[PDB]
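Visitor: Take a look at the letters that make up each chain.
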Amino acid sequence: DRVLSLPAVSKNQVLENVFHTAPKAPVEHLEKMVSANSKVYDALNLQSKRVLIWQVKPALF
Amino acid sequence: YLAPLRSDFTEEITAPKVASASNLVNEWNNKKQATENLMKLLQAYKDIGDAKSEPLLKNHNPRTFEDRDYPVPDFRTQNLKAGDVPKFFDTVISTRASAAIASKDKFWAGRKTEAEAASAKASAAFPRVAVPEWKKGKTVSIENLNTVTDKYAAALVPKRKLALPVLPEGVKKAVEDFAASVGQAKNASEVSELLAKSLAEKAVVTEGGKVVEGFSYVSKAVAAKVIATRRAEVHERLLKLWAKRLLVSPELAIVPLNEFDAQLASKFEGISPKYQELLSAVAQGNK
Amino acid sequence: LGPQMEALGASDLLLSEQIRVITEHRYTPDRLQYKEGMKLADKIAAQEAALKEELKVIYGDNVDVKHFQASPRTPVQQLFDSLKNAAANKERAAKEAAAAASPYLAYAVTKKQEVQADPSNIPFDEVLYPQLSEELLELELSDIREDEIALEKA
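So the sequences go chain by chain: A, B and C. End of the first sequence sits at 61 in my numbering; the numbers just go up one at a time, nothing left out. End of the second sequence sits at 287 in my numbering; the numbers just go up one at a time, nothing left out. End of the third sequence sits at 154 in my numbering; the numbers just go up one at a time, nothing left out.
The shape of chain A in the complex, shown without the other chains:
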């Protein structure tokens, strides 16, 4: 019964409790927010190619 004097938990259970959730990368926030603000730029900048200012405010001619 030498095995019963060993730590009973596991190396596997220790790895699943110490690393319970996969950590969030720091570049993930930059990538998500830059791909959203790309849509913000495309919609709401006057130098955009698909600016929404001619759709929401039709120009007077």
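Don't read these hints as lab results, they were simulated from the structure. Among the hints, a few may not be true.
[Unchecked claim] Here are the simulated distance ranges between beta carbons:
#1 138(C) - 135(B): 50 to 56 Å
#2 77(B) - 56(C): 40 to 46 Å
#3 48(B) - 30(C): 39 to 45 Å
#4 77(B) - 23(A): 45 to 51 Å
#5 277(B) - 3(C): 27 to 33 Å
#6 277(B) - 5(A): 28 to 34 Å
#7 277(B) - 10(C): 34 to 40 Å
#8 48(B) - 6(A): 28 to 34 Å
#9 47(C) - 48(B): 26 to 32 Å
Using N, Cα and C, we set each Cβ at its ideal position, and we do this for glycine too.
Assemble chains B and C onto chain A, guided by the hints.
Guide: Below, chains B and C alone, put in the same frame as chain A:
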């Protein structure tokens, strides 16, 4: 943008059907308050763990919460037969591991209660998420989007970093040129490389932008060499242990290591006779 | 002893494969510790897949992931690995900023590569969290110490 063409008339003069509020500002404000309560909760967790001066990995390690001084059940008492001892061992290991995991869960429940108590009594000033400034009828300037991306990229810089020195092109060509000036033209590669590597070996650690002094860290390479050295010496102890027993009695090699627990029983007369007569018959020797 | 004639890390097979073969030798499939060793081998194989993904950028597709699992890289070695690919990173960032639809996306690409190109911006866990790296090391050393305590008891 396409719409169906209804082409029907309205024959009744009724008031228009005003739809109700359809709460999204309330639900998104509840989501924002839930996110900030979670941020306050994580801050309270960090504050309690910093006040107790406790290790980070210790409370998530379930082996911390194992008893290790618990009276272990003797398998010779528990009346098991020949194939039964490994399942008894697995049952004892299971209950000890699950007791350690449940003790960790009880600790984290108490820590959650104390952290929510400290989290309620904390006024929160967190920096907001950097979004581009957009007024109601106005447009969004490219300069503001670039400063918002600058904030996102300033978040990419680590808070404490190794000032890993890249040798600049002017400094490299100056020392490379000096090597040519001495006249050893073909080892200029190695002299500029060894200047870069000698600056890299004593790489310094920065607080934020300023330098922390008296900072010593253990690299992952150094820690892995420590682990490999300790692992090799314990494996050497294991080889010496089995070398002694196989020098005294080599017949132990006819019973495989995984099958051994499947032979045992609580009493000696109940031990499985699959290997007994073969073991005693090999123990006489080669004649 | 079989596969236990060599140490856990020191072999030609990868650490997930070595843990798999050692666990197959030490226990029978009905055992608890067989199942726990197989799950541990799966976690180590996940770590090896992640290390292969981060090393495929620098050393190509046919990278010896066993070599860098057995000997993790120096901060100095990570410096020179970043300096080896720096010109290709700069040129690829320039052509990506040329290929970008928005000039906003072009600024984002060049700013992201300007931050990534500095090897001082490499997030070393031992520098950011020294005590946490200490405790990861003492976790592995505590497992090895438990096995040594068993050998001392024997």
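Visitor: Please write out, lowest number first, the hints stated earlier that are contradicted by the structure.
Guide: Failing hint: just 2.
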